[PDB]
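With one protein chain held back, the other chains of the complex are shown just where they sit.
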Amino acid sequence: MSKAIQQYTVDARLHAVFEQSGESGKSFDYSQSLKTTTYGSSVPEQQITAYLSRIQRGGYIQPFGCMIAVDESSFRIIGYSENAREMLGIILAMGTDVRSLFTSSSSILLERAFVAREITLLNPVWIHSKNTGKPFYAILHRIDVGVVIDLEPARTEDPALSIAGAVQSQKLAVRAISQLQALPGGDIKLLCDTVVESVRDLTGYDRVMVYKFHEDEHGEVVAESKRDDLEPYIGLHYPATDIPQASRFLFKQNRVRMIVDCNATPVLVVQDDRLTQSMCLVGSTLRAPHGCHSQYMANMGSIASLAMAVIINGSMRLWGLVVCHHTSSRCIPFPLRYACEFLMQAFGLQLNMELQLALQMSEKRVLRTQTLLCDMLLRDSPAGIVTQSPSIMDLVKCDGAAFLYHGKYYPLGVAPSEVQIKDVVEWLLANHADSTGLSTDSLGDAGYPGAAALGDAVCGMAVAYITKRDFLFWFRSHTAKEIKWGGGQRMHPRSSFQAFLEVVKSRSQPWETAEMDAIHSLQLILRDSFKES
Amino acid sequence: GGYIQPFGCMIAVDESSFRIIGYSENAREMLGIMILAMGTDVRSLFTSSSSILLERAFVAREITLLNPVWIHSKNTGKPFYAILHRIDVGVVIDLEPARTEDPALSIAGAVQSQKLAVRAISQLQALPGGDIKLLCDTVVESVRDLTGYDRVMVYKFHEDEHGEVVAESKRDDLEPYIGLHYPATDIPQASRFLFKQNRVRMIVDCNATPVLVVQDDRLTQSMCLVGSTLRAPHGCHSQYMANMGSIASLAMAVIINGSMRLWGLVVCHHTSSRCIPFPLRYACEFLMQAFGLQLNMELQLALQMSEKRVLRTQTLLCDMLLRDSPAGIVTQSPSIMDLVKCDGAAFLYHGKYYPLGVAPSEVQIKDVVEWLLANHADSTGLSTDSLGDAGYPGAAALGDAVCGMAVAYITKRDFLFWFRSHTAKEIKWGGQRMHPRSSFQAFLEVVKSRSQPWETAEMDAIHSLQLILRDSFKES
Partner (left out) sequence: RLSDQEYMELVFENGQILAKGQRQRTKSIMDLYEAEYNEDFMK
């Protein structure tokens, strides 16, 4: 059932384990929980439904702003955060008219915002508390039971200064986008580095880094701009379970999510007793992070956070994140968040450009290599495709290759010894004689009796059948060979790296669909050439 | 000095001393002063907070980082948006009155510019990513929704520098201009340079009387009223817009990678005077930036796919060459006509003529070969956009059917020809006085007997196939 969709059960089980650890007064054993909670198995629909409700209908918000959910028509309050009375300087209770909590002009603007059909040009609204005059950004969104208003306090100053702050944030984002446009192109690493530097300059967080989500759904730190004294984290890989799939969905929903202080006490959202279930906070910008991620951030040493989703066209796909961490509490103004979202949209567009261009270039390179291989095979002996410079090892990304031809073994790079390759061929014939090739991440998981002997040097394989006895092999080493980072009960980045290395202990990198397509095309060409000889 | 549109005001001041060195005639009325005079401290014309903001903008290294300064007139208190830019002498301030006076609504609109830009760019993101026409149509619809102008169209500037209306969304009762072409001279190169510099050009009312900009007599040269957003349109373009029936205009440059290149424009026209508020203008500007980015993406992807298709065509032609005699390349479906965009092709092989599609007769092609030998004997290949311009005597005999012609040399007797007809063949549109119809007719006159230019990629493909066929002929 896919990989992401299968991860929902693992997320639910880990969430339950964390909740039990909290209830019993124990400490969440991260490494043991990951080891015990593996993909597959069975989980009743009750558990997954409860996990989803607790994630999306937790009932707590961040104390840096307040929340008021009102009836769409009657403007009567159906829910409010416990800090709303203190935040607004305050009567506030169930059934109270929300228009009585703000000045007359603010109430009129709220009325105008509510009566909108599909799009409203007062969202957020700059409103003032009736009792104190405290300015707020009221960000409105619609939930099944009414309209939720996220009141984020705004700095008291001259309105010209607020407009100036918004203008400066947007112009910084525009300048960053202009810098992204004027790049050489065809280099994703340079794009990520430029975006990281621009985002750190724009937001001012202590640390800013880009996470790329792999087809496995695990994440990698592909870029970073940190404070000098802070520990580097570039090159770091962590399990897929560290960012639950529900959280990734919510990050696609909330394109810019801000956590002001992980150690701040969440504020309960008092709710009307007549509502069927807990209020939905999916769209709320004040939704508090679960204790799981709060504890993870506290252990990490990061207090504030600002995660911006990288969305590419794929019905959109979350290619990754751009997360800014701070060593102390940090709340940024809403205009700066929208400037960040605009910059992230530009980054997503250009990143999709780069990915498609890289796909085209890989196709062209594969075609050139195939043509050269055919030319050598036609005007040379078969060994010509392995004894010459553009050998089969250059067709796809691999740590080695091999050709078995009429009992002759021609290895290249890292390949099994002659006896080992005979054993592999015997296994393939015994168990996989009904196919014309197979791609394996790890020979150990595929059931090869002796993959341990090959060790970490040879983990993956992309054997292609040419005849009943002639074979083409492409070999890869375990992923940890190509992973280097300068660094497990506690939820800490080192624990995550160790757990990831445990997950991929005996697995190589996945065989990309394009690489297998290239292998199969080359296989068809070679089979056609040989069957006529 | 120069002239500005009466919908705003302009004051140019000395950067170091903030003393006014020039201003528009309507500045006093715009600011409610009707004091304002040469040498007056500009900070005395606005409130204290406005003066602080102006000073902060002045000392900024990159002034454009805070263009829209929200200031207030000291006399009337009305809000203005001051756009500040630098000139050779001092700083020019374009003061446009702000229709929204309520501070809360002003802040809300400032944030709504960002919100609307984000939503429009999100609409752009959802596109599959392999269709420029779809991108242009989406941008046109988004811009018309944001601004509400009667007409919104995308102009693409060809390699010739002439423009084509590649997309359009208009009022139902207006004449369509999609598919129209106009000469490159309709947009002077200076205007193109300005669109590259000042990405957004707004004309509120073409028929409004422009306002003179009086500058200090002590200034050596005329004030560089170039990057100003209030610059009045020239009489030529004002009369052109009046004739067209368009009173208001909002042109936005489409910028891609070239050093940046002006791919075209997204121009909004209105039948009556129009001046949309700043939040919508900036939402449109951000959407245009995102559109330029994605359009550069689409162009690069199109180049990659064109290269892939050309390589596949060459491979198929090689297979045909191996399978049979060379003439076989002009007998099967994947023929030389698929190598490059053309209206016809021809292969001369050992004195045998094999035409395809629109090609000249045997006598005409023999005459063409004789002309090529007489004038272009020492050549490995060539491309002509118009045979008449090159100097072929028989061009008139060929007519508009064959105007552009590309020759690839195989040997002294074997040739490959790619023939392309005149441009007006694939241009269709309904439609002296400066009018859209007159522009279209002038363009058709410019390209009367001229085909489309032969692209660099097309000639590279032709040369590659030429090399392959020369090697094959030498082998055979």
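For the reader, a short list of remarks on this structure follows.
First chain written, first letter: the chains are A and B, and each begins at residue 1.
We take it that contacts are C-beta pairs under 8 Å (C-beta built on N, C-alpha and C of every residue); 3 or more make two chains touch, one makes a residue touch a chain.
Looking at A:92, A:143 or A:372, the residue that reaches the missing chain in the full complex is A:143. When the whole complex is considered, the residue among A:112, A:365, A:368 or A:408 that touches the unshown chain is A:112. When the omitted chain is restored, the residue from A:123, A:181, A:305 or A:440 that touches it is A:123. Among A:78, A:202, A:221 or A:246, only A:246 touches the chain left out of the display. Within the whole complex, the absent chain has one touching residue among B:1, B:22 or B:279, and that is B:279. Only one of B:53, B:57, B:120 or B:166 touches the chain withheld from this view, namely B:120.
Even with one chain removed from view, chain A keeps its contact list with that chain: residues 5, 8, 45, 48-49, 52, 56, 105, 108, 112, 116-123, 141-144, 245-246, 249, 253, 280, 282-283. Of the residues in chain B, those that touch the hidden partner chain are 100-102, 105, 108-109, 116, 119-120, 122-123, 142, 144-148, 276-277, 279-280.
As a working rule, only the chains that are shown with their structure count from here on.
Within the complex, the chain A residues that touch chain B are 105-106, 109, 119, 121-128, 137, 158-164, 166-168, 170-172, 174-175, 177-178, 180-182, 185, 311, 313, 316, 334-335, 338-339, 341-342, 345-346, 348-350, 352-353, 356-357, 360-361, 363-364, 367, 371.
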